[PDB]
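Novice: Dock chains B, C, D, E, F, G and H against the given chain A, drawing on the hints supplied.
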Amino acid sequence: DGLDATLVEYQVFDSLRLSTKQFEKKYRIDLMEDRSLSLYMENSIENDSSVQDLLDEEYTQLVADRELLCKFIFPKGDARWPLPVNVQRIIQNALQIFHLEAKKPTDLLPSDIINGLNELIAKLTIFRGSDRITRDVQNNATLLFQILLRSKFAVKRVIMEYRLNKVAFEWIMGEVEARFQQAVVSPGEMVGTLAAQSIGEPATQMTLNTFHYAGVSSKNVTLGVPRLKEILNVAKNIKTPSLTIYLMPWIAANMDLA
Amino acid sequence: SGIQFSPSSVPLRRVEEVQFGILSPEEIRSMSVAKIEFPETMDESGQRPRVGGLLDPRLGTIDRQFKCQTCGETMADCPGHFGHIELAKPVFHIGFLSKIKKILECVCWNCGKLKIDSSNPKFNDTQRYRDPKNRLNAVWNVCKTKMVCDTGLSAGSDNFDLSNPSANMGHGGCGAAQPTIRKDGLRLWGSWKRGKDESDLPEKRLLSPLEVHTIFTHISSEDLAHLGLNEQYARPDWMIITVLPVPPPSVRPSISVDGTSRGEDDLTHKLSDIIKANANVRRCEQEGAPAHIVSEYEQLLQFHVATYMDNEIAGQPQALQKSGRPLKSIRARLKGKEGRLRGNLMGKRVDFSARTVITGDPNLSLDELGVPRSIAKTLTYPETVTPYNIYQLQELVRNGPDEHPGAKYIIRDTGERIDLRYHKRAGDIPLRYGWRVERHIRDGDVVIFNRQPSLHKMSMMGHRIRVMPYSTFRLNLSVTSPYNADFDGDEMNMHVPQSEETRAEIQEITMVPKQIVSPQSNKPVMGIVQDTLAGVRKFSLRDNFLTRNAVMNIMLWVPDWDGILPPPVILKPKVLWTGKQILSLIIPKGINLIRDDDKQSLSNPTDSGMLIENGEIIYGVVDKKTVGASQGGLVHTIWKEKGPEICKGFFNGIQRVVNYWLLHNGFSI
Amino acid sequence: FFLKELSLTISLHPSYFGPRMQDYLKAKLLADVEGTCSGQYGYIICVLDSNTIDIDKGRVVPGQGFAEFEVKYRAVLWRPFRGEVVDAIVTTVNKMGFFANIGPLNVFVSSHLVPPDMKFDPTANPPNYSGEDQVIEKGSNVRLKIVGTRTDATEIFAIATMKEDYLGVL
Amino acid sequence: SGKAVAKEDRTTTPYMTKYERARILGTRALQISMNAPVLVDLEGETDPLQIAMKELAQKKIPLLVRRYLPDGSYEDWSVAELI
Amino acid sequence: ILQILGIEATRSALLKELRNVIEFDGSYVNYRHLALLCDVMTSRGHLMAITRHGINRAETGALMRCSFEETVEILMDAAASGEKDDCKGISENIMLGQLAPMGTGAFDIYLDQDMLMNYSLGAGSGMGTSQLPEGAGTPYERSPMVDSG
Amino acid sequence: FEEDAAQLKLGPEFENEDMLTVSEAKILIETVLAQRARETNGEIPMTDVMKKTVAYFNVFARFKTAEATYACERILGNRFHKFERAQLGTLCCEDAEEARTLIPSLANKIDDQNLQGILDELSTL
Amino acid sequence: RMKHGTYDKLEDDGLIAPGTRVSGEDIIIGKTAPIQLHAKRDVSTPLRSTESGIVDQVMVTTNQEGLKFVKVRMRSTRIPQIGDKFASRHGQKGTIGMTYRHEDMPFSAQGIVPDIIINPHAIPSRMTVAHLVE
Amino acid sequence: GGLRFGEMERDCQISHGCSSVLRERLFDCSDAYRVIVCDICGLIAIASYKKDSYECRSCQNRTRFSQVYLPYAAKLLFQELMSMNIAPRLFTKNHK
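Residue numbers (PDB author numbering), protein chains in the order written: chain A, 877 to 1134; chain B, 2 to 670; chain C, 3 to 172; chain D, 60 to 142; chain E, 1341 to 1462, 1469 to 1495; chain F, 6 to 130; chain G, 873 to 907, 919 to 1017; chain H, 1115 to 1210.
Honestly, the hints are just simulated from the structure, not real lab data.
Heads up, the beta-carbon is just placed ideally off N, CA and C, and yes, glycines get one too.
One should not assume that every hint holds.
In silico DSBU-like cross-links for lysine-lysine, where the CA-CA straight-line distance does not exceed 30 Å [claimed, not checked]:
no., chain 1, residue 1, chain 2, residue 2
1, B, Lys600, A, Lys901
2, H, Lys1189, C, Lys74
3, F, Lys57, C, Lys147
4, H, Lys1189, B, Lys134
5, C, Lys97, F, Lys57
6, H, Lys1189, C, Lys28
7, B, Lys590, D, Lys77
8, C, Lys28, D, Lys119
9, B, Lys68, H, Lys1164
10, G, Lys881, B, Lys625
11, B, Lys36, B, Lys277
12, A, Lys902, B, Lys600
13, H, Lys1164, C, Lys30
14, E, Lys1424, B, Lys338
15, G, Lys923, B, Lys378
16, G, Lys881, B, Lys425
17, D, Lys62, H, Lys1210
18, C, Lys165, F, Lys57
19, F, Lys56, H, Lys1189
Residues of chain C clear of chain D, computed beta-carbon distances all greater than 12 Å [said to hold, decoys possible]:
no., residue
20, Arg61
21, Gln66
22, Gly85
Bound conformation, chain A alone:
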């Protein structure tokens, strides 16, 4: 990750377990019998001015879309993962600090929120510096944290859901930047000692349970703690040597074929 375990909050990717059909109904935008946002563009529409805007809107989604396909292609199905800096919260409370309800439409501009990020994701650096190519380890040492910030701050999102204004948004992207760099671990430090200790406590919590009471059982048998030593000892004789093999199907998805 690059971050200090201790400053982190499991988070959720709205943009994942979503049907493509509803995905489009959250981020994508067009002039095709739509133009519903103009009802929010208040105050000030343009309107539509000259190109540019129409173009930013499909370019945002080119990348918000290269993120929907990958993941997956990497993550099984789960969605809850632990990231640094609770974003889902910096926005509430944030709609407490400034409030403003649907009645007040956004004093923002689609050409700002998109610059907003690009300027304040590139402020989230943890590997310094450039030193060309050394900017690569960094571009994707935060790549995950990144797809969040294009999913909870992509355009259609900030005007349909939770209308923001220059001041609010400018302050949101404030805390993020700050809470991020305040979450970068070390140097120091001792990441093994502390980590090792935490790994020991967990085992102790299992050992007992894996035995507690507790039967009595069959198949899949293996046990916990009592096994640990087996793994660390890489010993050949590991009681339950088990091994799980999957299939296709076919074969199979059936049964009698299996």
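Specialist: Only chains B, C, D, E, F, G and H this time, still in chain A's reference frame:
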């Protein structure tokens, strides 16, 4: 770092590298400045003096009234003065002996020239294709296949060199060698065959030390390096002892049944027994007679100088000193256990510490720890004399070491301790303006508190003393989870820092506050638990209204009160306050939560779920779900916005407000 | 005499951090090295303070509160070596030899290392060693050829002879 | 084998580390505790450290930090520089 | 798995096989520390076990090992070879009392004399008693030059 | 280890260094003192080492002047052997044969004629 | 040698007389072992400071051996103080946390006052319904 | 006294990261012991810390020296090693 007789002199420069070498007879002699000819020394001169070659010369002193020339004073500050113990009787050496035995075939006797040739270019090259201290494997393999010599070195023939000559073959010249060896008890035996005319197998035929050493010394310098040896630190010709060194008493022990008596250890003693067996062997040098019987007593030095190292080298020696019991060797102390290694180098007792039974207290801030005066009156905690202290700091001394707000000891320029006890107890002795003075402890004043067994990062975290009475450690209930230990009469240790540079570490990094969230799980590790928790539920209910009558009373905890009395939720006939109202008071301003539990509807539907706004709850009911180490836990959420404190105050408010509510709400089963 | 570059560490104390440390460090250096002697470099006549005074570092001590300031300086030193010819100033004359004196170092000319033409006269007004018109009293710089030098306790001491040609009274 | 690094081309993080704060405050504490030239208007304190903290807040405290790299090179940072 | 898949493969195997040890059920998991244990195991090729002693390695001299216990032999053998210990160790280090590189000991400190020098503001006399004179420093005198000559 | 006389032999660092001159050395010392006095209260203990030097230096003033030294420098030039140089300017007088005797290391280092010319210039200086 | 007595509490017999208020590192017996002004040693036993209180009684008899033989016993009342252990007969290991005077405690309504009061959370988890029944 | 600072215990400072607390509660608050080491062969000298007399009857040293902080704990071991004919040379900084 403290003081140490303002040695000054040789600046300081901390140890940076550690060079592990192999003592050498020559060096051992030079280093030592004593003799040691009175084997059965022990001041056995007929009086209570000493000499010559045991106690005195010099050596390092053993009591006060003594300035053992060379340094001082005593008993400390004066390290032991090692000394040589001649010999003149080729002695063995178990430990290093094992290795020397394995070698056999690394030079062949006596020409002393690496076995390999050139060579055989693979064998020799292969052995080198491995870092030092390992190539041994190759040597051993060659010895097992060796047992004969050849021509004579690689001397041209034909003679030439440009670039030559090769001109060689092989492995020098001589013969051998030719006889292997095996280990039988504490003796070496080997057979000599060819053959087919007369030889010997495995039955007898020993060797000796004087012979081996001689062969080694002859070893070629470019040869000493060819193997895992060091022609500067480690030299085979060193494996054999000749000037056996003698550590200073400082390393040994003594005793004195004051009076009449004063036996020693024990131990050592044996050392004297060895010189007894050496001086009786050295004097016979002019003989001669019986000669063949003289070797029988020589075998005894082979055993004693061993028992002194490895009591039981797996041979069946006994090494009985008193009542047939192993003779406390040197290898015994090292890797006990029950000694150094894991008792004098890893886990050392220590000082400026204390421990006692713990007790609960609901009235201390989280980062607070009740320290009984009994202890506070015995700690410290030096503290140099600042120009800001002189007046304040002086009052302490003039007070006394028996009055909490007092001190013990006053340290001066020269490094002299003016014990405030019986010693001082007077002498205005104003107070220097650069010296040091040791005070009692008083008000956080941080100090670190742990619980054996300390698994988690936070079994040692740092509190702020002060200072209560009664002889236990009062500590804060919400801090009990991290110490996985109740009040079953448990003990917990306290370690007080001294230097003002650690006082800083355990304040800025380690602190009950900055430790309320271990990264083990990026989840909190402390939370509202026990009675203050049971209480929250039974009070966060919207069935519980508060009489105007207090409210008031309970508002005196917060502890940082706006001063403003909360706007009443009920203006009907009586003025009433909801239990959620005044509770949401002790939560920070501007933290949001949308708990959304199982069944939950646009409705209430029935205090189900939980949800806070500008630091005020409005929805559902507080329980462990939210004021315990939960994931998106309320405890987690202000920590983490906005850091410990008012964060640290959260535990003080609820754990103070509610306890206060519960006091007059009563609860039981 | 040599003009060389030497090193020395100054261990300063918090009390003297002020805003003019540089001065303190320099003042402390002059005091610790000037007048000292070593077998390695000899007598440290004086330090060429100013311009030729480098002040690097420094790193404060963990358990001490004092910072170590390494200093590179140019100094005038007087180191003698066996075989060197020097002019000396006779101080005393006893039937034991000639207690000369060169600069700050003391040179002893054993009587056995003096020509057989210089008989010792104790009756003469002021004990001297004449011959041989040439009269060497407690006021006549002589030329000697260091035969051997020694260094016991930073201090240096060697013996000179008068056996070679062109040595003796000056 | 050191190497020293350019006060102009610094690599490491511009912010002051959890551990450093702890070491600096530890270091000045001892310094002042040892009667030393205090670099900010004395608020009227007593605690050689609680004072050092008054300094840190105003970034008016001496001492610099040499950050050794694995290479063997280092970087020097000024308390007023750091964050 | 190391013999028949990848070495990288086998790391993932550990990570997975450790999760399945401390998770069922309800267990304090952090992907970070789990991650680290694995990389340490599969970071030198072969599968370095962690038996009561500490990865049966040997590349940091003895001094260090002597800490993992049991000492003895180690020193009795290493001595016969003069094994240099860069003392870059952390237990080797807490053995000598030198300050250890434990995070907050993994850096040194000096002094920003520069600040004390130019420090906020803020003359040339010598006759108010001190028989000696002065005048700032320009009464007609040089230096160097002569030295160079 | 190294305790010879030579013949130019001994410590390497010292060998490398250039042997300061007598008169010139004293001049430099004087200069140094002048720079120090530039703002002194009065006194400045000269210890014991100073006294001796102050005497020997004055009793060997082979150039009681600020220019004498420069003249000497001008006259010289070719290094040859720092030691030998400072030695030749510290002894003086006079003939070749004598030069070799005092500095045997000069053997086949330099000729004669030249030497004589230098001595004459010094005597007149 | 021996300081921080005081031996001012020993009789002519070199032994203490009950029941003399003994505290601190006070001493109670005195020894002597031969070796100007020489020589008398001191192999006498003091009293651990951690203890206090008076002296119940002493018994001086003869051993064989063939010399004298003394035994000293001192009593030291001990009151309950915060931090002392108590537990019922069901494994309710408890320790004292506080000592409220009579008024504070829930005087009710009979009205008596609890002599000690344990907390309800030491029930449901340690299922010890016997403590209740009793 | 005293108390007891377990292996367990020490492994926990390291987790936080307290170089100085650690060093304080092991090489100061228990065995505050200082010794003087020869720069060539790193061993105990004939030190006096009074008359500045150090000297070395072996390496023949009298000018080249350095000081070291070690626990009398350490001290013993190095000494106990001398009896086994092995020399832990404490080659300090450049003083090597």
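Novice: Measure nothing beyond the straight line between the CA atoms of E:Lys1424 and B:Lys338; if it is 30 Å or shorter, mark the hint as holding.
Specialist: Holds - the C-alpha atoms of B:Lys338 and E:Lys1424 are around 27 Å apart, at most 30 Å.
Novice: When you check the alpha-carbon spacing of B:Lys68 and H:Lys1164, does it fall within 30 Å?
Specialist: Cα-Cα ~13 Å, so holds.
Novice: For the pair supplied as a hint, H:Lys1189 and B:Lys134, is the alpha-carbon distance within the 30 Å limit?
Specialist: Judged against 30 Å, a Cα distance of about 27 Å means the pair holds.
Novice: Does B:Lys36 pair with B:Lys277 here, judged by a C-alpha cut-off of 30 Å?
Specialist: holds, 15 Å
Novice: Against the 30 Å threshold, does the CA-CA distance of D:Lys62 and H:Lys1210 hold or violate the hint?
Specialist: Measuring from Cα to Cα gives roughly 20 Å; hence the hint holds.
Novice: If I take the minimum Cβ distance from C:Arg61 to any residue of chain D, is it greater than 12 Å?
Specialist: Nearest chain D Cβ is 7 Å from C:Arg61, so the label is violated.
Novice: If you draw a straight line from the CA of B:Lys600 to the CA of A:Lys901, is it 30 Å or shorter?
Specialist: With Cα atoms ~28 Å apart, B:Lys600 and A:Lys901 stay inside 30 Å; holds.
Novice: Mind checking the alpha carbons of C:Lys28 and D:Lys119 for me, to see if they're no more than 30 Å apart?
Specialist: OK: C:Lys28 and D:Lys119 at ~26 Å, within 30 Å.
Novice: Given the hinted pair C:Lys97 and F:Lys57, is their alpha-carbon gap at most 30 Å?
Specialist: holds, 25 Å
Novice: According to the definition I'm using, a residue is off the interface if its beta carbon is farther than 12 Å from all beta carbons of the partner; does C:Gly85 meet that for chain D?
Specialist: holds, 40 Å
Novice: Given the hinted pair A:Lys902 and B:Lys600, is their Cα-Cα distance within 30 Å?
Specialist: This hinted pair holds, its Cα atoms lying about 27 Å apart.
Novice: Keeping to a limit of 30 Å between CA atoms, is the pair of F:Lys56 and H:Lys1189 held or broken?
Specialist: violated, 48 Å
The structure fails to meet hints 2, 6, 10, 15, 19, 20 and 21 from the earlier list, while all remaining hints are met.
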